[PDB]
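First comes one chain, alone, set out as structure tokens in the form deposited in one PDB entry.
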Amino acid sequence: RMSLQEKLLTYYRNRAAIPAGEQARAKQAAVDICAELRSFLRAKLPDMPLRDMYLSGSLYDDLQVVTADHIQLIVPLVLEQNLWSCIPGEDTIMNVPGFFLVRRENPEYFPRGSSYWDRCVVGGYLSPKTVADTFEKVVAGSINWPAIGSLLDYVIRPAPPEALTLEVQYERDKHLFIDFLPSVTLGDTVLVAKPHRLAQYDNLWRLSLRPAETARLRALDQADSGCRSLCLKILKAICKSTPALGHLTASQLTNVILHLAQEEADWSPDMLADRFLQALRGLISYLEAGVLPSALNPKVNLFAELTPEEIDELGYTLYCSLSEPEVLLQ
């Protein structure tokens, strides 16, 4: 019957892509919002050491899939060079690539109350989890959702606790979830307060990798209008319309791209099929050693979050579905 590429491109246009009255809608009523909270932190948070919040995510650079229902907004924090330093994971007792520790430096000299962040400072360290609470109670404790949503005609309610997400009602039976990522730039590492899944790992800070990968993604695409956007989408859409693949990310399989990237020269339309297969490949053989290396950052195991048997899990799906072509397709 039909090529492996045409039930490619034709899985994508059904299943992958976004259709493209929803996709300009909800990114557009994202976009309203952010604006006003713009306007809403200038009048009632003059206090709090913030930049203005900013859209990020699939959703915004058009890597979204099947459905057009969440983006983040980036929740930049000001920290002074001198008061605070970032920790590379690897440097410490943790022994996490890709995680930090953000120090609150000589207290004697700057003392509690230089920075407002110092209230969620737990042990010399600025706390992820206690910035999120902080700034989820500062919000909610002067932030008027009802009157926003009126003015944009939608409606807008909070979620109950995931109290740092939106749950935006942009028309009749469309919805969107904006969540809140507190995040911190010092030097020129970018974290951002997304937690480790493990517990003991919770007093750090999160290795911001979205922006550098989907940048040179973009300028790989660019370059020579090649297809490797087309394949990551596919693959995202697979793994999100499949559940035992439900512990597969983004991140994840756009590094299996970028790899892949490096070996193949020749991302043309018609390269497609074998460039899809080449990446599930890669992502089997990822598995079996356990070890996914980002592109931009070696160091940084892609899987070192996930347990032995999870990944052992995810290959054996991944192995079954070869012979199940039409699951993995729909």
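If you superpose the two forms and keep the largest set of C-alpha atoms that fall within 1.5 Å, you have the rigid core. Positions refer to the first chain, counted from 1. What changes on going to the form deposited in another entry:
- Large C-alpha shift between these two forms, rigid core held fixed: of 291, 31, 43, 277, this applies to 43 alone, with a displacement of 2 Å or more.
- Once the rigid core is overlaid between these two forms, residue 125 does not reach a Cα shift of 2 Å, moving by less than that.
- Relative to the superposed core, residue 146 undergoes a C-alpha shift of no less than 2 Å between these two forms.
- Core-superposed comparison between these two forms: the C-alpha position of residue 321 differs by no less than 2 Å.
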Second form
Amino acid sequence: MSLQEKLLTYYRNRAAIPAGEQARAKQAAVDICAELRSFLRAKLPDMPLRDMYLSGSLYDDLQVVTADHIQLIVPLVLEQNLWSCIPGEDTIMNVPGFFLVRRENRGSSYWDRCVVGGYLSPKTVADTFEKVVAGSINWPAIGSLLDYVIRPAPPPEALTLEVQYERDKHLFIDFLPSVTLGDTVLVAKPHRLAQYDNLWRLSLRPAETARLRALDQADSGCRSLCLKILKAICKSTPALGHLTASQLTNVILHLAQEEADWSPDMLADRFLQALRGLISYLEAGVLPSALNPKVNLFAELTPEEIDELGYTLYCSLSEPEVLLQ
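Switching forms now, from the form deposited in one PDB entry to the form deposited in another entry, please provide the structure.
If you are looking for partners or other molecules, they are not here, because only the chain is given.
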């Protein structure tokens, strides 16, 4: 077979999620989200929140192999005049793509409770909801009308709920606290390196995936399909598991800036170009975000982890078919 054929076979048999499993898992999330809105509205009346909503690859049809996880965004309500956010490149940590949230002026905020040293801690905010998750063993049988049973995920996933549905199906929904100041959207998703775990993370995923969708919609291209193959490959081994969806998505987006033709028959050529690009970014130890160039997406990896990834992908341009096995 030509590489083209092996790629389509790989996507079909490995990357692609069965349309049945996919939609059913999706509905489970929708069902639980709707329930969690109502119940938590009553269980946490003091907490300034917006409506919770779903987010992630499962919601965008970019999830691969199996459908088992999705994010539940928890938007905190902040008084814009009592808080300011500071871009990481302007702090002592010097981490682009990550933010401090500083308490301002006077007034009272419910969220004053999560402030330490005059800053809103993403970890302290997380601990508030780890309590809420752990406290779910006190809840009534929510969603029991549609035969769902909500249980705290097994440790250490202190922010995850586990939804079991028909039959021996499990959907893992993790709570993700989010903060909007001005037009800056931040999520409490810790920096990989622990010395940065108290910085808020700038939300880049909605813009990345929207760009991906718009580009493929315009010409029925195979950018998304190619991405899904990569995500599936990177889920195959521990080594390649240190690569993220965001990283691979931005590899694709960068290549899309150089290549306009993403016809289905160009898939194999793009897949090779994608690997070449990935190798070059690893070589340089820098993968700039396509939508926010100031942010290096490889800055959560140690230089050794980067070198080891490069070593893992060294012969991929000459033996690409090996990745699919």
